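Assemble the whole structure, with the sequences as input and the hints as a guide.
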Amino acid sequence: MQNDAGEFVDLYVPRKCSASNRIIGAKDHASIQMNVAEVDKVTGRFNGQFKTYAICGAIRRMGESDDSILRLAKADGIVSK
Amino acid sequence: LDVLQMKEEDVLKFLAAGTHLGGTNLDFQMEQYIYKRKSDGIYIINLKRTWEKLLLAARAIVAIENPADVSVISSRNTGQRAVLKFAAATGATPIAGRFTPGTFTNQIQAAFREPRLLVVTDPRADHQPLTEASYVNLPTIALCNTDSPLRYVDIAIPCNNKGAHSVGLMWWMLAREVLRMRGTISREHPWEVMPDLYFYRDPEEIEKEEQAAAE
Amino acid sequence: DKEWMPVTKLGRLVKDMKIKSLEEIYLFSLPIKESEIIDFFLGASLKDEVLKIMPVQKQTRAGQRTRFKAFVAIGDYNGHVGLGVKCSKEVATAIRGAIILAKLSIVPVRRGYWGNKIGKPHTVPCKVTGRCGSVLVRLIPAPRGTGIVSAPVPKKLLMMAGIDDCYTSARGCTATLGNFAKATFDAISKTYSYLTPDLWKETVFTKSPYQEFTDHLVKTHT
Amino acid sequence: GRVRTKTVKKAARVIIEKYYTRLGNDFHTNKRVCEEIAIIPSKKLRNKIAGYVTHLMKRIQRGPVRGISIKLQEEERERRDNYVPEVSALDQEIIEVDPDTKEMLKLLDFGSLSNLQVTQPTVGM
Amino acid sequence: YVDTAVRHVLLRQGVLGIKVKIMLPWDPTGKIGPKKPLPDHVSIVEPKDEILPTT
Amino acid sequence: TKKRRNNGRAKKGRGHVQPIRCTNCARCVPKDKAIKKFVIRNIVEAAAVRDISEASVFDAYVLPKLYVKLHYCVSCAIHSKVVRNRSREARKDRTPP
Amino acid sequence: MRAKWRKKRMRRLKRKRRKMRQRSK
Amino acid sequence: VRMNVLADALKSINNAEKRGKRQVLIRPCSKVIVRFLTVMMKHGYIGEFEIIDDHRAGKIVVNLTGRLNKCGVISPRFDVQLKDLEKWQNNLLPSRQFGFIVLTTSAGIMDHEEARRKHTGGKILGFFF
RNA sequence: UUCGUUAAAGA
RNA sequence: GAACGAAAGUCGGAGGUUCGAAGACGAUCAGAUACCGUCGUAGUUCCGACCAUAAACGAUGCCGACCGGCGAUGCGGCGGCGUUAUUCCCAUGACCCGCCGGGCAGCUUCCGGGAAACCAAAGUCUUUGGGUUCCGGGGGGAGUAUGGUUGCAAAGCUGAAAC
Ligand SMILES: [Mg+2]
Ligand SMILES: [Mg+2]
Ligand SMILES: [Mg+2]
Ligand SMILES: [Mg+2]
Ligand SMILES: [Mg+2]
Ligand SMILES: [Mg+2]
Ligand SMILES: [Mg+2]
Ligand SMILES: [Mg+2]
Ligand SMILES: [Mg+2]
Ligand SMILES: [Mg+2]
Ligand SMILES: [Mg+2]
Ligand SMILES: [Mg+2]
Ligand SMILES: [Mg+2]
Ligand SMILES: [Zn+2]
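Residue numbers (the authors' numbering), protein chains in the order written: chain BV, 1 to 81; chain BA, 5 to 219; chain BC, 57 to 278; chain BR, 2 to 126; chain BD, 167 to 221; chain Ba, 2 to 98; chain An, 1 to 25; chain BW, 2 to 130.
No wet-lab data here; the hints were simulated from the structure.
Worth double-checking, as some hints may not be accurate.
For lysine-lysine, the following DSSO-like pairs were computed, each having C-alpha atoms within a straight-line distance of at most 27 Å [stated by the list, open to error]:
#1 BR:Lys11 - BD:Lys201
#2 BW:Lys19 - BV:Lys16
#3 Ba:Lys4 - An:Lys4
#4 BR:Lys44 - BD:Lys214
#5 BV:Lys51 - BC:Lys76
#6 BV:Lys51 - BC:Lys65
#7 BV:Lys27 - BW:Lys71
#8 BD:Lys187 - BC:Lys145
#9 BA:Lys11 - BR:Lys103
See below:
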């Protein structure tokens, strides 16, 4: 949140979900920050570089997370062709 | 990619354990994992989309920093044998038997952990860690079947968790890929022991019978 | 002057001085368990008030058995308030239990403007609602210097929340404080849960404190 | 009559958990062993604890106990774990299951070594 | 085990009966507590056996 | 409030069910509501089967039966030890073994 | 007293008052 | 039977937003609906949308964002004069800075922000935020 | 198989 | 405004087995005229006319759209070198698997509602508006009196006020 002076007045910018683009609440204890790391070339070396997939509570309870992780990583190109 | 592809030894071990066959009932989120129905009720799960979820489960487990932050839970005896030899081998903390519900919730009990990742065997037999995930904020990897619910589940690996050989093959090959990602075993190196430890052992009737037949 | 008795790993990060602010905990929505954590992060959050201590009964063969149900609303005036409900057979025991449960149930309060972006936010960002029982509480943004036109209990709760100007609309049994104060609590808790039009872009996705200071947690656990 | 208190059974389980090799199958010896290794003032409580200790000894001599296991039974379970033969890890290289997985091996590129031709009716369930 | 005192307090409303009972801790060596252990409490020892079997 | 979803009987599509008389109290109850069981009794008590088999003309060439549509109501069946009361979680059950 | 028999006795009282009106119009 | 097809579309939009889906199937088509979704596109609450041109009546599929809170149709389409929009501002929009109301101006389907610059006013289709 | 009724408050 | 409208009841014609309002007795109780037993009138039966009420219940208005799943069932339609039925390839029959449409329904669920019971509707409701009809304004008085209207009658519709 900005004013006319242009200052950052907001306390914290919460996690927007990667499934349904919904704001994860501060008391939403059913949320998760999935973490999947990158894989190197033919030699197959582990990297410290990783990508974070925020999945919120109602998606996790309805079960849309299982389809959502694969349909999000398919746009990345890391799960399949 | 190009090294994470399945090979002939891998598909020979999958068809030997018989993980291509599943249950008879369907689920509304297993349609993308099933391939085609078959007569006599038993349905067919494809192998490539199982290998990809095994790969993502291995990526999730190797993405941890403290190996004590990964808990492995199974309540049925077809998985309790595999958990103790799985998690004590490479990178996790095992617990089996009775779950003692309320384990990850209250802090008056000395049996309290803060896992940053969870791998369970059967969701229907392990509904209680799925319930307690909502207070600890942990991900969940589950060896699911064609008739298992997918509440509080992040990675679902479609399989048959009834037969012990498929369960032991999946724990074996999951630890195999975890160790090849961590760097203990190279890619052009087979595993040193045959996984029956991970599968099952029938107790002392036919075990001592086979021992007396071998001696 | 007592030892914190290291447990639960979040306060162990706090005593290892790895989480600089409670805003960093509310970014990731980690479950707070002990009440010493926000006492360590906030020293001026001791401003509280007991709202109503009412007796409840349990009919037994020997007679009616009483126990007192205490309500305590806590909060610093910067926008971090909480509510606590505790029933116990002793007065001061129920009061201390409600204080500790309010320290547990503290939430952040989002503050917005009436429509002119000068500075020092004084109101809720939009018209939000809260429901507990049949009690529908609607919080509506107000102009600058308007005040809190409400019942005295959520007036004190919003005065602790820092919402200096607000309009309220209550439907239902407003007479029951155990539902009306919790409906006001839900209404001020949904302020961050509302999808607001200054959060368009994808967030930074900063690292977890567990990932950032795993090795300190390893050397303090083993 | 032997519907013993939880503290009595808990003390006897602590005895049989800590010290097993000092105990035998005789009551008059096991009572003196338990009073050498523990402190019980009441002689009736001595007899009660020692009787349940002899009962646990007669249970362990027959089979395992779900409540507690000794280090020797733990080593026997570890032996039954790591006793690893090589008989049924991988079978012979003749495996036939399904025409559906035959079509899987035809479409998705793999070996498809053995023959696959079986016909089944629709009498499932 | 339980020191029990029953005393009176004379106030303007009348008399007030106070009953204070305190259970004593078990101290075998010293005059702080009694020397008799509790009949419900069973005392055990630490494990003793160690290394060096045959050869 | 409503104690059950079925409201006692099984009338859901139709609007009227012809009543059938009870056995003990002889009260007209609709047949989707009355306790309608099918008792299958041997006509001979099991200790007299041996007596009639020893005193029979044929060498065990007849075995008669008795099939009766027993038709109680819910007012008399609870008194007559059939449809005893259960729990709220126990009202969602099926036929007993 | 049941509402059924209360309504029936008020109905009988209505019939009695109607016969009273017909007797003395 | 079949009337207020813009409300018939926005009920499906609302239930798909509350469920958390990706795209909606909408069986009617109106120029009202196309210009309404065009205003929503121009504000950026929804995304790209494709209209299967059936010979009888097409089908609109809208790629959602996960962004909408509430969208609906005021039923009788009230005739709103200027210096009376502030009642609907205080009644419908959750704040002063947020949300918009689709006015049916004489020069076309316009917006709450566009109407005070065009100086036309008119009827109201609905609101969205 | 038959077996009716016990005012008003006052915790 | 109009057509049907259970049972009971009313007016004619026919008959009358069982049950049976009222009624007469026999019992138990302090007392029964009641629950129990015996007999039995109107009725319960059919064809003509009237009455229009019920816990007439899904205690839940009608039409349209959306929003999870599972296994079955009733009726059509479609697909499946499967099995069993005539004489035989050619058509219908019975069983097994799946889909479609509307129908009575069942189980789980944090989809959401509601005070809860509970509900795939009682959801899409303070983030309040798809179209439309009838009804509630604390409880009694009271669905009562007086009006009006329909009916052979019992009665039905509309319907207060004082307190
Ligand atoms: Mg009140
Ligand atoms: Mg009742
Ligand atoms: Mg009916
Ligand atoms: Mg009397
Ligand atoms: Mg009739
Ligand atoms: Mg006649
Ligand atoms: Mg009689
Ligand atoms: Mg008779
Ligand atoms: Mg008569
Ligand atoms: Mg009526
Ligand atoms: Mg109607
Ligand atoms: Mg059919
Ligand atoms: Mg045909
Ligand atoms: Zn009966």
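### Message
I'd like to know which numbered hints this structure contradicts. Please list them from smallest to largest.
### Response
No hint contradicted; all consistent.
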